[PDB]
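Trainee: Listed below, chain by chain, are the residues.
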Amino acid sequence: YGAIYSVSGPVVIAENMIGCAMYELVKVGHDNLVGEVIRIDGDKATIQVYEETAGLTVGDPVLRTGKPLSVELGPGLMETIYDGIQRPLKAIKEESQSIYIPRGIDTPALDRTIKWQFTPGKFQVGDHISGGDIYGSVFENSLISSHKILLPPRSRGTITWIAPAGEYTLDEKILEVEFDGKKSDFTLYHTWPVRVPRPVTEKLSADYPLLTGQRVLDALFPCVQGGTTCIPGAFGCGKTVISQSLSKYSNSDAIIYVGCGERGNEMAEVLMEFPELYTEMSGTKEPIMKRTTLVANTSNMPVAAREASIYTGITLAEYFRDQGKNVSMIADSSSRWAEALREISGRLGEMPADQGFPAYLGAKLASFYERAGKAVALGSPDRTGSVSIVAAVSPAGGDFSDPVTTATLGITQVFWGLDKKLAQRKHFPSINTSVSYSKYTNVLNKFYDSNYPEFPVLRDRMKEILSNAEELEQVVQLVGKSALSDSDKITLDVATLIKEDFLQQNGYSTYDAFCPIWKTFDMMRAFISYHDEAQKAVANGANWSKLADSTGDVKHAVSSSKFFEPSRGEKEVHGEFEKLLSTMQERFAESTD
Amino acid sequence: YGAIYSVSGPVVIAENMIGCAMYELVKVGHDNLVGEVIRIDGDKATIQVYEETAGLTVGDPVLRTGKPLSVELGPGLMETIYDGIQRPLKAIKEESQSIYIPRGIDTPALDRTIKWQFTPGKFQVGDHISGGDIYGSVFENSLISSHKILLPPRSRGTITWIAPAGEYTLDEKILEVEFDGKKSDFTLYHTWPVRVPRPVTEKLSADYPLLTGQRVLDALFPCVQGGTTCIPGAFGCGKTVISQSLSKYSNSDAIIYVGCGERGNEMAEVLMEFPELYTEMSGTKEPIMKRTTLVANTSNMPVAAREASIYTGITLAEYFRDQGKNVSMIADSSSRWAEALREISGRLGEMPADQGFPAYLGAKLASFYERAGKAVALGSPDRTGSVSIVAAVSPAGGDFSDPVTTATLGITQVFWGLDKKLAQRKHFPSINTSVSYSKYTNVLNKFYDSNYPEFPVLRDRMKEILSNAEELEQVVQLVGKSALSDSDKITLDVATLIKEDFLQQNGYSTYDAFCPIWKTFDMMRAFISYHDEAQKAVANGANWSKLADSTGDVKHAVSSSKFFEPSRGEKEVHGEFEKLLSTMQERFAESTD
Amino acid sequence: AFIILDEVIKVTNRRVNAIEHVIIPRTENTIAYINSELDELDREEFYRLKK
Amino acid sequence: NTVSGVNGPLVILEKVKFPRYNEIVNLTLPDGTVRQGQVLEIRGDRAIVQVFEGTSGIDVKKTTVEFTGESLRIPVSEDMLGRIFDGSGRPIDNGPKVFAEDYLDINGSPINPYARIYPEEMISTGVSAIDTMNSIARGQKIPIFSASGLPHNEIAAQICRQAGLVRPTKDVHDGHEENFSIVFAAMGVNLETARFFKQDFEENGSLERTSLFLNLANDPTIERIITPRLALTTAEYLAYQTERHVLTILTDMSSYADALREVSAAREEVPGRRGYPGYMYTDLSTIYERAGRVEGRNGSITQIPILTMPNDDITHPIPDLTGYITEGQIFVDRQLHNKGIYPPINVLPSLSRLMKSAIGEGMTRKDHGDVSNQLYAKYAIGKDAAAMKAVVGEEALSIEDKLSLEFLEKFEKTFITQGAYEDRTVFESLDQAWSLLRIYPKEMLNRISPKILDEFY
Amino acid sequence: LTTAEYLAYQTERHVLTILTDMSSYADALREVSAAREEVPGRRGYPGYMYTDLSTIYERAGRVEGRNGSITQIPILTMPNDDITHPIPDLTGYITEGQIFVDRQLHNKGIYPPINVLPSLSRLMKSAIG
Amino acid sequence: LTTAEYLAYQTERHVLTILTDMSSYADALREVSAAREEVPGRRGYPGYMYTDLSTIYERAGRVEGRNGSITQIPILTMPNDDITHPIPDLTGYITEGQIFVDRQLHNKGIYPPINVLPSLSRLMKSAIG
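Protein chains in written order, with PDB author numbering: chain A, 24 to 616; chain E, 24 to 616; chain M, 155 to 205; chain F, 29 to 485; chain B, 260 to 388; chain D, 260 to 388.
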């Protein structure tokens with residue numbers, strides 16, 4: 024196509040461009056290094072080349088791939104480790120006999136020797152078809168058909184060719200659409216631009232009720248799907264531990280893990296551990312890995328691939344959203360994504376802005392979160408899917424005043440703190456009601472209120488007990504315990520329980536590993552029930568010391584609920600709690616008298 | 024003519040120019056937009072077109088006026104509201120059917136529909152004449168001539184003919200002056216460029232008070248006619264309030280109010296407000312307004328107007344200053360004028376100075392404050408005049424160390440600080456002795472001593488009460504008031520009263536807003552007598568709490584004093600303040616023993 | 155000994171509260187104000203050079 | 029001719045010199061897409077354009093132009109009430125087709141017949157926290173200054189649902205005489221935030237009396253700057269023709285400023301301090317001029333823009349420029365939110381320049397202003413005295429000071445705490461203030477005249 | 260670093276690589292640019308200072324076959340005792356912990372004077388056996 | 260300055276030149292170089308601002324004949340108030356010590372308000388006897 028005129032630093036400039044667009048992916052020289060066209064001046068195009076250009080010359084060919092930087096979303100996406108531009112890491116490990124991909128070596132974005140068994144959907148020859156309609160499916164899980172083959176968006180028409188059931192190659196075709204002559208052939212894989220967001224029927228307020236199987240999110244400030252959540256990190260405060268937990272314990276269809284530009288030691292752990300680990304909702308065949316599609320960039324990987332990373336993962340999630348599945352998007356960390364932008368600008372001589380950080384920053388961080396959300400799925404059946412975004416942020420200048428952490432807290436309606444201290448004490452996660460908020464909370468609890476749980480009333484009363492306690496601790500320090508009443512001492516005890524039961528977890532049992540909505544509900548019901556009677560009884564002529572000696576057996580039982588099965592009363596409504604109400608009432612008669 | 028080469032933003036480049044100064048006025052297109060030639064690059068002169076643009080064809084004629092940007096100096100500018108590019112706003116309301124100026128329009132700078140009354144001078148036939156001589160006068164006011172018509176500077180000769188007394192038009196010629204053949208015929212109005220300061224015979228040292236009308240300003244650090252003032256903002260300044268005060272109370276003959284690219288509401292408040300309030304010496308023809316001429320601009324109104332505002336206003340001031348009239352020139356706000364230079368420097372592409380604010384800000388600003396001052400009037404007659412420049416400034420950096428504030432602070436003579444905490448409590452305008460100075464105070468205080476006041480002694484005692492209060496206030500906050508003694512306890516208390524009573528001049532009265540030189544003196548005297556008596560009384564054996572309790576009612580009476588009108592007793596020196604002296608003395612005997 | 159102990163603890167209690175509330179946040183806010191101006195002098199220069 | 033290059037959102041066109049300034053051109057892409065753009069710069073046989081649609085994907089000789097020959101104007105109509113738009117004036121929820129009865133160009137200066145007589149009537153939302161301390165006149169602009177970790181969205185929502193219930197009550201007092209309409213422009217906000225605003229107008233029954241313009245952040249940065257301006261051109265039309273008080277809510281200002289900044293570091297102009305534009309002031313000024321009474325003198329445009337500090341300071345270039353242009357600010361604080369106070373609007377440095385003007389005596393008391401002066405002083409001193417109490421204990425805390433401590437608590441939990449359906453009136457606010465203020469002695473209450481004080485303690 | 264990757268892969272040896280001084284390497288990187296159209300970031304140090312650090316960092320980790328390894332300890336000198344200095348901050352984010360050595364202990368006359376007060380190894384448990 | 264040098268050299272006089280205001284002199288230098296090829300350094304001040312100051316400062320010192328001298332007193336107002344601002348910082352280096360006037364003394368009600376704590380002249384002892 025083009026010819027190289029000049030190569031200056033990492034940047035290659037190439038002449039004889041009469042048809043390079045400014046988002047196009049090109050392979051530069053004969054070394055086929057990856058590059059993308061930033062700017063065009065005249066017939067000369069400016070390309071930032073992301074992969075080492077030592078060996079590259081001037082007068083060499085520039086061959087376009089014919090499309091922008093894109094990701095291919097095809098079948099065979101589960102039980103694979105990718106890069107952020109998407110090229111199987113795993114296939115390079117076998118073939119090159121080198122773990123990482125070195126300069127000048129490239130592979131197709133997915134394996135292509137693989138063949139899949141395609142079953143038809145609900146279409147037939149000569150019927151009209153539209154975007155998001157299920158044209159067939161492929162299994163990849165023995166739980167779900169992960170890859171529903173949908174008609175491509177930006178494509179509609181009448182279908183001249185429907186292939187039947189049978190096994191086909193990725194290269195091989197199965198569909199032809201007639202839409203102003205032959206529109207093209209289609210294959211199992213479809214292409215999609217990273218920075219362009221998929222079209223959907225409509226997006227709705229995040230309110231869809233599902234757990235992450237971690238109780239403390241739900242209980243303290245309702246966990247949201249279709250949410251946006253920021254979490255502060257510092258790369259040894261136990262953030263990485265909760266991410267692997269958050270991925271396992273969930274009951275969502277898939278989890279997409281994005282290591283934006285991480286240590287690489289943390290990426291190594293997710294590759295290996297997740298197939299060792301077992302589903303909390305049953306399934307074999309490499310359990311966690313089978314539900315997970317893994318994008319892994321370490322911090323040393325091309326600045327383009329790290330930059331693309333967050334976009335590429337969210338694209339896979341949005342597509343699946345359109346399929347009518349609920350996907351969880353877990354990204355660590357947007358501070359590394361931000362940093363990469365700074366690198367590119369600086370290499371071009373594009374002016375950054377505030378705190379040395381790009382001007383491009385605000386609008387980009389915002390563009391990303393809006394892709395995530397609850398939607399009713401694109402296509403004619405109409406289904407509900409959701410994509411929940413959890414992004415870690417961390418200092419980018421050694422301060423929290425960094426543009427990135429402060430910009431994202433503005434966009435998000437959920438903030439959940441994370442502490443070194445609670446992690447050393449073996450509470451994982453580490454969320455406290457002083458370093459958090461969730462404004463999504465009113466809609467969620469409301470949703471919960473319908474199903475059976477008394478959730479809204481219980482939750483407001485929970486926040487208040489932990490708040491009021493903090494204040495009561497400050498008195499213990501200054502004055503001591505000789506200015507506190509039985510009723511204030513009682514507040515402290517209830518608060519200790521709330522903290523113990525919800526916040527502290529570590530995988531003690533396969534009852535901490537997964538917890539349903541019901542067990543969360545029974546725990547708090549028990550704590551409030553004790554609180555009102557106990558305070559009432561000290562008002563009527565009792566003592567905290569008295570309450571303590573008599574309560575004994577029932578009180579230890581509510582503390583230990585977390586080790587025991589919730590399946591005691593029924594099957595997921597806990598019997599250890601249901602009996603407690605009667606005993607606590609009986610307890611109170613004895614206490615007053 | 025010119026041909027428009029490029030329109031890039033508000034900066035427009037046109038080829039095929041000739042002449043061209045560097046302040047030459049040009050009209051761009053057939054639309055006739057306001058511009059000025061900034062630079063020349065080659066044959067092509069680069070003009071910033073400061074008027075709005077959404078429909079200017081490239082390749083239209085550009086017409087030179089042949090001359091720099093100027094203002095017309097002559098009769099009927101008084102009691103007239105203009106923008107800085109000199110278009111009668113009042114005329115613009117009638118014609119356009121729009122209050123503000125529409126773009127693509129231009130109209131003459133003085134109404135040419137009216138006739139004015141010429142009365143003879145002091146230069147008859149065959150008297151020699153030289154610029155700034157009073158050729159005659161035109162009455163515009165109902166007690167004074169606001170426009171005494173001068174021969175323009177750098178004109179001289181002997182007068183062949185003076186036309187007799189009568190009414191004429193301002194377009195109409197009434198003079199012939201002979202220098203080197205028929206020099207020209209003259210009209211009532213003459214032009215003068217705003218970028219050329221009008222000459223003066225000699226400058227005189229300032230010595231005659233600017234009566235600011237405000238207690239807090241007279242008392243803490245007084246200003247002088249011929250003065251220079253800087254006021255820093257932060258939007259708790261109360262600039263409109265103090266500007267409105269300056270127009271009414273200041274005893275200057277003329278006041279030129281300049282809107283430098285303001286809110287557009289505030290300029291509207293001061294126009295409407297003047298006819299409702301009354302002059303300080305009787306007269307109605309729209310009272311205050313009859314002595315007030317306005318330059319009014321709004322923020323997204325033509326930038327040429329905004330930029331020209333201080334220059335056009337100060338040239339207006341200089342004209343009246345040569346006539347031998349005392350003038351108070353209020354610039355509000357010059358930091359928006361300086362902002363314009365930031366913008367200019369940006370559009371052109373030239374590199375800036377400190378924090379993006381250009382280096383030419385300091386020198387331009389310094390020329391401006393230097394064209395003001397007290398002087399002996401230009402011409403043979405000899406009169407005395409004044410220009411008092413009062414200029415508000417503001418940060419945009421969230422500190423007081425920013426270029427705009429700093430460059431004014433360098434140059435300014437009188438400084439009236441702004442203390443955000445006091446203003447948060449409301450104390451418009453708010454000052455402490457440590458943030459403010461007047462270098463002029465010494466020479467002013469000797470002048471006030473002649474007048475009646477005990478003024479010198481009161482200036483030293485005022486500084487001293489505030490200065491001691493500041494040091495003690497740190498000790499009280501951190502350590503406790505336990506270390507302090509009862510006399511120093513008093514120091515805080517008398518000083519507090521001065522904060523609330525002086526600084527606060529927003530009021531809901533014109534007695535709580537106007538405090539005459541005499542009213543300001545009595546108040547300060549009464550308050551110091553208290554402090555001295557108070558330190559003694561505790562010294563020979565009395566408490567801060569006990570002392571406070573005995574004065575009690577008498578303390579409330581001094582607080583509420585300010586509300587009471589000044590027109591009673593001898594003049595503003597009331598019997599109300601005189602009796603109060605005796606009651607303090609009596610109280611002193613009680614307090615001690 | 156008790157009466158004295160009673161007076162001294164009251165003073166030591168005031169000092170902890172004073173350093174915590176006033177002193178430390180003043181050091182934070184002043185540091186920050188100066189930081190923001192400072193980084194901009196370095197950055198704008200590079201833009202001036204590039205232009 | 030055809031496209032020579034694109035550097036960022038600037039497009040380098042080679043074309044002739046005949047178009048006018050802000051003349052629309054159309055780019056024919058080979059992708060089956062048309063994109064519109066408007067000339068930012070015209071030069072010797074080339075132009076530099078910012079495209080409203082897309083930001084990338086612009087070619088060289090595959091891409092061609094045809095110039096429209098028509099400068100950028102908004103078809104402003106008055107039967108635009110109840111219709112739903114996006115950030116360009118296309119329907120996204122199938123609101124009625126734009127039509128046309130007049131065309132006005134956007135320049136921040138349509139016909140500009142803004143104020144030379146100041147506002148003096150009063151508008152109340154029933155919020156004491158707002159109204160008393162900041163007396164909103166019928167064409168003043170007072171923004172909401174908030175910061176991250178606050179529910180600025182929720183307060184903007186309080187105004188919108190409670191406005192249009194309070195106003196007919198105010199109609200009788202002669203605070204109003206005419207109907208109210210709200211023109212809501214959202215910039216750069218989330219789907220979730222956008223729906224919230226729409227939910228509030230439905231919920232009340234003012235969906236037919238509101239215009240809603242929705243711009244999202246994932247729509248071009250160039251689309252985002254046109255969104256407040258488009259809303260404002262429309263707003264002026266409603267004011268002119270049907271004489272209504274139009275309240276404009278322009279949220280969020282920081283989003284708008286981020287857009288300007290990308291088109292100033294990608295410009296051949298060097299930007300101002302902290303990488304924020306050198307004509308950033310100007311860009312903001314364009315909105316702000318469009319305030320006050322409009323000809324026929326019974327319509328007006330009143331402005332409350334919503335700012336969230338993205339860096340938690342008034343040090344930042346956005347608050348400092350914003351506050352200079354407007355006439356006051358209404359401040360929201362973090363502390364109050366954390367505690368459980370809603371609305372969490374603090375009153376410590378919230379200020380109204382045109383307070384005096386706004387209060388009257390033919391629809392408000394004259395004592396509104398006097399009593400305001402006391403509240404601002406007393407609260408301000410009281411907040412500072414409390415922090416001081418922490419440090420000193422009771423060894424530099426007086427009897428009088430104890431009374432200031434009580435006034436502070438009570439003000440916080442009553443004056444500032446009211447639910448999002450609670451409606452007050454001005455007379456009630458004054459009465460409740462009078463009571464709190466009552467414990468203070470006569471001597472203490474010294475910034476208000478004896479005549480007033482004695483009648484109402 | 261290249262020499263080391265060959266000894267570690269082909270003949271399987273555990274290699275400890277000692278690299279001093281990363282601050283001088285960083286300076287060189289800031290130093291080159293004097294006719295380039297490439298602009299630096301904060302304190303005059305690149306916006307792409309990350310990228311350069313990363314480059315050294317990419318050769319460090321387990322080799323394929325994994326009985327050999329390449330183990331890296333880079334040595335960074337604070338010139339002015341500032342932990343908010345751009346060099347340590349970027350590095351610190353990438354690295355699996357950090358070792359802090361302070362002036363105070365050298366002054367008492369302890370040698371080596373490693374205060375183990377803010378020092379951390381994040382994979383402390385993972386190493387031992 | 261040139262006239263002072265003529266006074267000091269030809270007629271062996273003690274010349275005192277009082278040169279006010281350096282700050283105004285500094286700005287003037289700064290406004291230029293806005294169209295020169297020569298480029299401005301730190302805080303937008305020219306880098307050869309030092310060179311400009313040094314030309315002014317050069318005529319100062321004992322003349323040959325050693326019966327005349329020129330003593331020079333430059334007057335600097337800090338426009339920002341700090342002493343680390345470019346205008347004072349560079350001057351203090353070329354000169355041998357400094358004399359500090361201060362705002363704080365002025366506030367109490369002192370004249371001439373002179374703080375002596377950062378004020379030191381490092382060639383003071385040797386000259387005097």
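Some hints here could point you the wrong way.
What the hints assert, rightly or not - Here are the computed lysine to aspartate or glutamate pairs in the EDC-like style, where the Cα-Cα straight-line distance is at most 16 Å:
1) 504(E) - 296(F)
2) 204(M) - 296(F)
3) 50(A) - 129(A)
4) 90(F) - 64(A)
The hints are simulated quantities; they were obtained by calculation from the structure and are not laboratory data.
Trainee: For each hint, tell me whether it holds in the structure or not.
Mentor: Hints, one by one, checked against the model:
no.	hint	verdict
1	504(E) - 296(F)	violated (60 Å)
2	204(M) - 296(F)	holds (11 Å)
3	50(A) - 129(A)	holds (10 Å)
4	90(F) - 64(A)	holds (15 Å)
Hint violations for this structure: number 1 only, all remaining hints satisfied.
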